[PDB]
Amino acid sequence: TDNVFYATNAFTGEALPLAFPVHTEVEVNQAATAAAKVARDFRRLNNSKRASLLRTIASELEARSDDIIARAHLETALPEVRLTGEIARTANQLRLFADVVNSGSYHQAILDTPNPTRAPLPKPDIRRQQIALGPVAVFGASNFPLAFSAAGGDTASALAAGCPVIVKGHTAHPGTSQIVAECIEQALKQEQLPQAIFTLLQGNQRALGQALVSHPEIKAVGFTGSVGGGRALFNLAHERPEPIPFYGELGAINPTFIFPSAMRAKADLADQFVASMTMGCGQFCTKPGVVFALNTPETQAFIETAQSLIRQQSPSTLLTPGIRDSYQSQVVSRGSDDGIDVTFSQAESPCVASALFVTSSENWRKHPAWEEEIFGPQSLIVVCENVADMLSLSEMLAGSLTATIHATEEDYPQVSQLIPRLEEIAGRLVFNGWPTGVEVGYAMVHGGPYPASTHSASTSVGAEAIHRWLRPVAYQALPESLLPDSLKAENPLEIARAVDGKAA
Amino acid sequence: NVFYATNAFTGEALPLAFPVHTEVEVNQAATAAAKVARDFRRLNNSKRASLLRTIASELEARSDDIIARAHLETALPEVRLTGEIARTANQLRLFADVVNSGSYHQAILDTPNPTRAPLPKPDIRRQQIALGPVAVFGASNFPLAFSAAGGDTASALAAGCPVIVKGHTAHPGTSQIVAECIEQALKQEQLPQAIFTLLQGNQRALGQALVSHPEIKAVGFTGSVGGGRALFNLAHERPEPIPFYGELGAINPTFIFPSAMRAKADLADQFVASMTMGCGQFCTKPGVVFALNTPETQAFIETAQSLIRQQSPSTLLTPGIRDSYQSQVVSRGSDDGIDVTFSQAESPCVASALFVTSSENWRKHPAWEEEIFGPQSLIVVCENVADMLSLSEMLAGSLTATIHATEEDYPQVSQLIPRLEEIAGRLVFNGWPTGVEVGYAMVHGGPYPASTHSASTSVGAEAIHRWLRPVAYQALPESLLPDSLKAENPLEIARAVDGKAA
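Protein sequences, first through last, are from chains A and D. Counting from 1 along the first sequence, just add 4 to a position and that's the residue number in the authors' numbering. Counting from 1 along the second sequence, just add 6 to a position and that's the residue number in the authors' numbering.
Hints were generated in silico from the structure; no laboratory data involved. The C-beta atom is built at its ideal place from N, Cα and C for all residues, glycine as well. Treat the hints loosely; a few may be bogus.
Derived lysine-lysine pairs resembling DSSO-like cross-links, with alpha carbons at most 30 angstroms apart [to be verified]:
id	chain 1	residue 1	chain 2	residue 2
1	A	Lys370	D	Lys506
2	D	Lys506	D	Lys127
3	D	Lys270	A	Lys492
4	D	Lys506	A	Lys506
5	A	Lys492	D	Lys506
One-sided and incomplete, this derived list gives chain A residues near chain D with beta-carbon spacing under 10 angstroms [unchecked claim]:
id	residue
6	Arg338
7	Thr406
8	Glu427
Bound conformation, chain A alone:
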C-alpha cells in the first residue's frame, strides 16, 4: 500500500515498532468479493464443522496469550491482569457459540403440518429455518481490544451464524488485532477452510470504514464505539441501494437509582460505587454514569465518602490520546457550569484525574447537556427532592445499556413503579449490584433503546447474539431430498423443532 501507520504507545505517546498497512477501497473490494465467494459454502458446512472452527480459534488465541497481552498492554495501557482475563472471556465466548452452532438451535426450525384434504383449499407443507445473511463487517471496540474486537462477540456470533467476517481493525490496537488475525488464519488452515472466511483490514483513514460499510457484498455490520461515528456509519448503511442491518452500541450513562434504606443496609455502598465507576479507569461501556438519590443525610454521607475516595484516586492512563483529550476538556468544561459541584483527584497530563460531579434534580432538568456520556473515570450524582421527583426523571431518560436500582423491601412499592419505566429505556436491569460486569451466558441482553443500540431488538453479547446475522426462509412442498437437513421429516440432525405452534 501507498502508506503505512504505527500504533501509539499508550504510556508515552510515541510510536510502537511494527508498521501496519493503510488499506483503501481497493482492499475492501477484494476482501468483500472473496468473502462473498465463500459465503454459500460457509453457511452450508455441517454445524459440527463450523463449531470446531470456533473452538480451534479459541485454542489458537490461548496459544498466543503472551504476545497478545504484551502487545495489547503497550497499545492500550490496560493492565496485564485485565488482559489475561479478557483473553479467557474471548476464548470462552467463542466456545459458547461453538455449543450453540453444534446445538442446531439457531436454525429455529418450524414446520406446519400439511392437510391435503381440507376444503375449500388444501393446507400446504411449509417449513422454515434461519440462514446466514452473508458477509458481515465488524468494527471492534477500543476499550475491550479482545472480547469486543477482532475475535470479539460480533465476529464470534457472525461466524457461528455462518457469515464470513471482515474486520476493520481499530487504529488504537493494530498489533493486537494482527496477532488475533494470525490466530484465526491458523485455525482456518487446520480446519482446512478458505482464508476468505475471515479478513482483517487495517488503516487510519476513515474512507476505509466508509467503503466497507457501503460495499454491496457486505450484508450486515457490527459496531462498538462513539455515537458520532457510529450514527454516521449507521446512516451510510441505510442509504445503500440495499439497506443492511447495523448493530451498533453507541453509548449510555447507565442510570442508577439509590434509595435511602439501601445506603443504610450497606455502609460501604459509596465505596462500591467508586469502585464501579473507576473500574478500567472508568472505561467501561456499562459504567454507572449518573446516580439519582434522595435528599437525605444518608445521601450527604454517601456523597462525602465518594468525594473523599475520588480525591485519593491514582492518576489514570486512558486508551488513546484522543480519548484522553476529550475526557480532559469535557470534565473541565462541565465542572465550569453553574449549579454543579465537582471533585477531582490529583493528576498531571498525560494522566487524567478522576471526577465526581454533584447537582440537584432541578439543575439536571436545566442542563440537558449533562445526560451525555463522558468516557472516563467520571460520574455524576443527582440529589432529588423525593421519590416522585426520582420517578419523574426516569420518564425522560434516553436509551441505555443498563439501569440499576439499590433498595430493600421497604422500597418495593416505589421500585415497582420504577421498573416498568426502566424496562422501556434499558436493555438490562440490575438490582442491588453494579452494571459493570457482563455475563456471557444465554439470557444476556447487551444493548437496548437508542443510543444504547441502533437495533434494540437484539443483543451483542450472549447466545442470542447469533440471530442478528440470520434471516428466515420458508420452504413449501419441497420433496425430502431437496429440503435442508434441519427440516427433513426424520430430523436427521436431531435438533429442536416447533411443529404447528408447539414448543420445540
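Got chain A; can you put chain D on it based on the hints?
Okay, now just chain D, sitting in the frame of chain A:
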C-alpha cells in the same frame, strides 16, 4: 378539508366524506397512544388475546357493510372479499392463540452460581416486551387482510403495541367500518380507545408526519417501492431511528424445467391462472418465468398466449394503478427484444399481457426486472440450464421463487435452491406462489426490495416479533420480576434454561 373515495368501476366519487388529517391529529393520536402503551403491554395475555378475538367477531358482524363498501371502492369481487374477511378474522384469532400461549415472551434464564470463582454467576432472566406505539400503512390490493385490521395491526396489537393506521386513500370507507369494529371491541373489553386509532387523508404530509413522530416506535408498510423506500429513509433519519417493516415489491421468479411441462399438460393454463388471479394484483404474482429453449417451451408459450388473448377486460383497484399499468406495458412492449401478446380491452379496463424474450435480451434490460403491477407477466427463454442458473445469481430480492421440475431435474434443482434461498423469502416447489398460508412456518418477505427487513415476516405467527425487544433482568427479587420470569413460572409458559430447549 375532506375527500371522497373513488368508485372503482366509474371513476366518480362515492358517497360519504372523509376527513383530511394533518400533523395536528398525528400528534394527538401518537400522544394518546404513548399514554396507554405501558398499560397495554402489561395486560394479562388472556385479556389481550380476548381483545383480538372480539375484534375478529366484530368484523364478522359487519361483513355485509365491509363487502359492499370494499367492493365499490376496489372493484374486487364479493366472493374474494368474503374470503378475505374470514382470512382477516382467523388471522386475528391466530395471534390471539399466540399471545395466550405466552410463547412470544421468549423467556430465557441463566441459572445463577453464587459459589463460582473468581467471580459469582448472577441470576439473569430475559423476555420480550412491546416497542411502543406502531404506525401501519395498509395495502391497496388486500383492503382487509393487509390493511386497517390486517397482519401488521393484528401482530402489533398481539405484541402489546398500540396501533395508529394511516388509512389508505384507495379504500377509506372500508377502513372506517373496520375502525368502527375495533372501536366496539375495545368498548366491550373495556379498554382505552387510544389502543387503536385510524387516521385518514389524501395529503402525503400525513404519512410523513406519522412516520417521523417521536412517539412512534416502529412502522408496518405494504406498497410501492418508491413511497415505501421514501418513508423507510424518513424512519432512519429520525433522531431515534425506528424499525421499518415494508414489503415493497417483487417479480417472484419462476423456473420451469422441460420435464415438468411434459408431466403437466395444463401447466400453461395453471400459469395463466396464477398471473391473472385478482386480475394480477397479487404481491406474489409470478412476474417472470425462466424456461429452456425446447419444443415444450414453445408449446407452453403458445398455449399461454392463446389464453391471454381470451382474457376478459380487467378493472384495476384505482385509476392511478390503471394508468401506470397501461403506460408501462405499452412502453415495455416497445422494445425490439421483447414480444408481447395483449387481450382485447377498452379503457378504463386494461388488457392482460404476456411478454416473451430471450435470456440474452433479459441481460440487456435490467429494468425488465422491475415489477409492473397488473395482469402481465414475462417469459425468458434460456439457452440451457447453465444459462438459467447464471440468471438466478443476479436476481434481486423477492417474496417468492418457484420451481417446476420432476426427479430427473433434481441434480440441477439442487444447485438452484441455494441461489434462490439467498434472494427469496419463500420457495415454492411444483406449485404457484400466489396463495399465502397464515400459519406458524410462514415467511412473507425476504431480501430487499421484497422487504426492508429480511430478518422477519409480515404474515404468520412469527410476525409478532417485529414489535418486540428483549430486556434482561439481573438479581431482581421474585416479587419484582414479571410473571413470565418468576421462579415458579405462574403463567406456565415455555422457557429456556441455560441453553436447553423451552
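Okay, the hints, checked on the actual structure:
Taken as a hint, the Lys370 of chain A and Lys506 of chain D pair is broken in the structure, with Cα atoms around 49 angstroms apart against an allowance of 30 angstroms. For the given pair, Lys506 of chain D sits about 18 angstroms from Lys127 of chain D by alpha-carbon distance, which is consistent with the 30 angstroms threshold. For the given pair, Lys270 of chain D sits about 27 angstroms from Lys492 of chain A by alpha-carbon distance, which is consistent with the 30 angstroms threshold. Between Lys506 of chain D and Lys506 of chain A the alpha-carbon distance is near 16 angstroms, which keeps this suggested pair within the 30 angstroms criterion.
Of the pairs offered as hints, the one joining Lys492 of chain A and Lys506 of chain D holds, with about 22 angstroms between alpha carbons and a cut-off of 30 angstroms not exceeded. Against a cut-off of 10 angstroms between C-beta atoms, the interface hint on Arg338 of chain A is violated, since the closest Cβ of chain D lies about 22 angstroms away. Hint status for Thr406 of chain A: holds, given a least beta-carbon distance of 9 angstroms to chain D, under 10 angstroms. A least Cβ separation of about 5 angstroms between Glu427 of chain A and chain D falls short of the 10 angstroms threshold, and the interface hint therefore holds.
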